[PDB]
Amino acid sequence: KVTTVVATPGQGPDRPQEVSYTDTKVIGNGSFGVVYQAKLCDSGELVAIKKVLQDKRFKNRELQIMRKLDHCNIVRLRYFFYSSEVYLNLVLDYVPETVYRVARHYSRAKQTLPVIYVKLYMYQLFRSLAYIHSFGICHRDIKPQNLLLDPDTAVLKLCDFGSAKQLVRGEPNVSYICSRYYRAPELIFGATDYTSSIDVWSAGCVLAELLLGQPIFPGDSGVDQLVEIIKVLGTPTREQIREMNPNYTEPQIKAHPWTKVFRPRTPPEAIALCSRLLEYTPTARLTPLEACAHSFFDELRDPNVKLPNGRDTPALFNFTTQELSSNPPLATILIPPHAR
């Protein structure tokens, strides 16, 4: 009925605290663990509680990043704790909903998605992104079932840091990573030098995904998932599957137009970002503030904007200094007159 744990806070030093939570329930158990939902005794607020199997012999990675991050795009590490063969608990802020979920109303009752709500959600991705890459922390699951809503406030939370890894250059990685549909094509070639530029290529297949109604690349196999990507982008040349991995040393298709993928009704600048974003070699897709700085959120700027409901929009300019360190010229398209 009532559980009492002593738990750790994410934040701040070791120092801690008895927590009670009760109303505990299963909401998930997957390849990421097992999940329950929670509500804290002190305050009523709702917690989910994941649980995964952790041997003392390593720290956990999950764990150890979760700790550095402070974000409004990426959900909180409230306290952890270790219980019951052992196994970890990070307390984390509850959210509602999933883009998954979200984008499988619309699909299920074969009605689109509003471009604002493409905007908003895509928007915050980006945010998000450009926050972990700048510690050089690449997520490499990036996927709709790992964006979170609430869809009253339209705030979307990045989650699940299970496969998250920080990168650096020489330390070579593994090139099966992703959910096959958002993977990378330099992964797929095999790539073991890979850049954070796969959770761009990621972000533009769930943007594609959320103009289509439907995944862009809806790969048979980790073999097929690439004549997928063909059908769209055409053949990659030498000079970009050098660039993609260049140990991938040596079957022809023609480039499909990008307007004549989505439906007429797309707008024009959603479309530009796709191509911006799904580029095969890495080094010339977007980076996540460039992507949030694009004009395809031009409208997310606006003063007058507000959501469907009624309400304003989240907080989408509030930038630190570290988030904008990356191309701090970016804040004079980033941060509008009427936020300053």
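Numbering follows the first chain given and starts at 1. By rigid core we mean the largest C-alpha set that fits within 1.5 Å across both forms. What changes on going to the form deposited with its partner chain bound:
- In the overlay on the core between these two forms, a shift of 2 Å or more in CA position is seen for a single residue of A272, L307, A315, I27, which is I27.
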Contents of the next structure:
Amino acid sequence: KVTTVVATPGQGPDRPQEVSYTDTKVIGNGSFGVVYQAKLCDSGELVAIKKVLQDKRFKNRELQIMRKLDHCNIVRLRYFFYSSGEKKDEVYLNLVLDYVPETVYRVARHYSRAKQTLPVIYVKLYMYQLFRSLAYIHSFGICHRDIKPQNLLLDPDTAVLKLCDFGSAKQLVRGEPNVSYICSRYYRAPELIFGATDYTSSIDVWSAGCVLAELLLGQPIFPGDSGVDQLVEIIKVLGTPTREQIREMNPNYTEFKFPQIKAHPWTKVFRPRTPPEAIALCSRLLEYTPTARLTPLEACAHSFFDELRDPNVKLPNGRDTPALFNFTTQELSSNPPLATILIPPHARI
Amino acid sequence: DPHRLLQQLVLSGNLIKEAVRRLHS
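Same protein, the form deposited with its partner chain bound this time rather than the form solved without its partner chain?
Everything in the complex follows now, all chains and molecules, and the chain you saw is the first one.
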């Protein structure tokens, strides 16, 4: 049947509207709640509806976060409404997000099964947009804490990427502790493994470097089997951290003695044909020292993305490249002057 | 149970040392 609810626009005036949807169906389940997919009856558009059980007393981290966000590389919150909870002090929040069935994961797994590697052009396009979204959400102090191929939505025709699933996201406040066992194993930063609770949103950059590395290699770079095996996988490439590095990751972790293993060459981590600049970029993302990782903006401005800033550039299918330089003040806040490097003089309006 | 195992390696201060051991087996 055709469901109709009174919802509030995600980005926009707090005044409700009716909203009817149909062809609803569960596509995901878990601890977080339930996710459905449906079609809008007046927009035709397909959307995803995440239904979470919320405690009335408190606000909903995810809802609050999605409301500040209005960026082109971030899944848009169309509407949101509530549902009758069962236990008097509980409600079901219904985030009506945008639906895209394609993910950088599916795509990547596609090429992987076809034994070949993803085209460099796409690796630059995807990673680029990923960083902008990171730069944007970080500018608010928001950390996604769950960056991975599966949470990266794609438009197969436009080549546009959107960050999604802010279920683990959180507005970070220095001095206030954050859970250390957060983020999907394969993408979890070293400091999280070492028990850090005073970490920063730079754990998202470590994760991005992992996604990048994964696109270059054809499979995740650090496929640890547990928390301890994760560090072992990391050590296999970066070797063991120096005391200075350990202090940086976790000021409160102490190990009086441990065997020191050196790092392997990045040039050998990847296949021989891997573009050098992708490796270079990757080495500045997968660092033990959190503060040493490139910031999203610095990364967007990296030499690896130079080709995206070229006027002639086009997609392998003659199509145009999505909006890559429509940076806002918010988005540039961390280092406004970099704006002159990110924005090609051939894009200035 | 690895969470606990990790929690102990971290509490005890034998995370790096232990990971290296496993690295050699």
